[PDB]
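Next up is one chain by itself, shown in structure tokens, the form solved without the ligand.
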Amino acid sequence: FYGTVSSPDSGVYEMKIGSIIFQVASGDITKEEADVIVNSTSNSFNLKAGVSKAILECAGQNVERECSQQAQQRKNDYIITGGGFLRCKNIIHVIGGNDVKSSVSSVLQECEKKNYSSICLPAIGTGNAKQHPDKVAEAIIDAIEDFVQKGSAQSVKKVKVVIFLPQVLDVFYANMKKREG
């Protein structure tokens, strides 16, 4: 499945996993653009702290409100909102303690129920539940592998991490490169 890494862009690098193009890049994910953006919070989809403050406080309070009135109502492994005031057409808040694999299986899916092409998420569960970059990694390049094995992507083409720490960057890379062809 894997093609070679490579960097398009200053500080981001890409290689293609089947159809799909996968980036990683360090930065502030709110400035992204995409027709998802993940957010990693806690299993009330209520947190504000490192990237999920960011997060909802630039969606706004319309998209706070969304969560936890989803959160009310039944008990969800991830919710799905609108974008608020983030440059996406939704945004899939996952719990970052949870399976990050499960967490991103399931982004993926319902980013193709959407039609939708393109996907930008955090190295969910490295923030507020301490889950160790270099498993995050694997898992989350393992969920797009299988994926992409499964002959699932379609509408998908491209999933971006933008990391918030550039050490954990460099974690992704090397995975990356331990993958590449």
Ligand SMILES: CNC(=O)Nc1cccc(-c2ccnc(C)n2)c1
Contents of the next structure:
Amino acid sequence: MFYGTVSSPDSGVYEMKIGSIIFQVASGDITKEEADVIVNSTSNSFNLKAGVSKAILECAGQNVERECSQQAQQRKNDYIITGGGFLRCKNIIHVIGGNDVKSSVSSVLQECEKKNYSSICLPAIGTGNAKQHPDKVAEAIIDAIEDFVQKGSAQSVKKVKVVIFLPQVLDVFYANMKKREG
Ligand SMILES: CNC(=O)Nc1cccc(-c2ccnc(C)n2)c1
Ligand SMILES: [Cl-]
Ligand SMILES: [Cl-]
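Next block: the form deposited with the ligand bound, after the form solved without the ligand:
Expanding to the full complex; the earlier chain stays at the top.
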């Protein structure tokens, strides 16, 4: 009831509509992207510096690292929202890589509607240090977006892009898109 056709608008980029949202995947360095929100896949202490989290915390800078540790000591958080630091975004949302990926993406979408944001960029959450399987992660990310659209919750959010470090993981996302296509 929601899926459009899969195509390639630019070299190495693949896209399809999911209701009112354009869903895109590409390989590359997420720290070079511009979006209202960039997502970090981190540990339950919000201080992982390995895999994509290393690059995100290094490029964001020490004020963002300090925001993370300040919030982590205040309460038990499922995820935290910080400034963008020196990344090209308005906020970073730091999710726990080992948590249920569908739940994490649903939370990101809801927080972006609360701020009237239009664009999101995320990694293949959980496929690094957490060692969740890439097929299960792709299925969960796309299921979260489908549920958000089905409930009529997409109003401000218009574009969700997954920028993936390993080309072999991109291939798994593309196959999942083709399974769903209208
Ligand atoms: C959430 N997925 C990952 O963390 N995946 C993953 C796997 C292997 C390496 C990297 C990575 C990314 C940027 N910088 C560096 C030094 N390493 C990322
Ligand atoms: Cl991870
Ligand atoms: Cl990734």
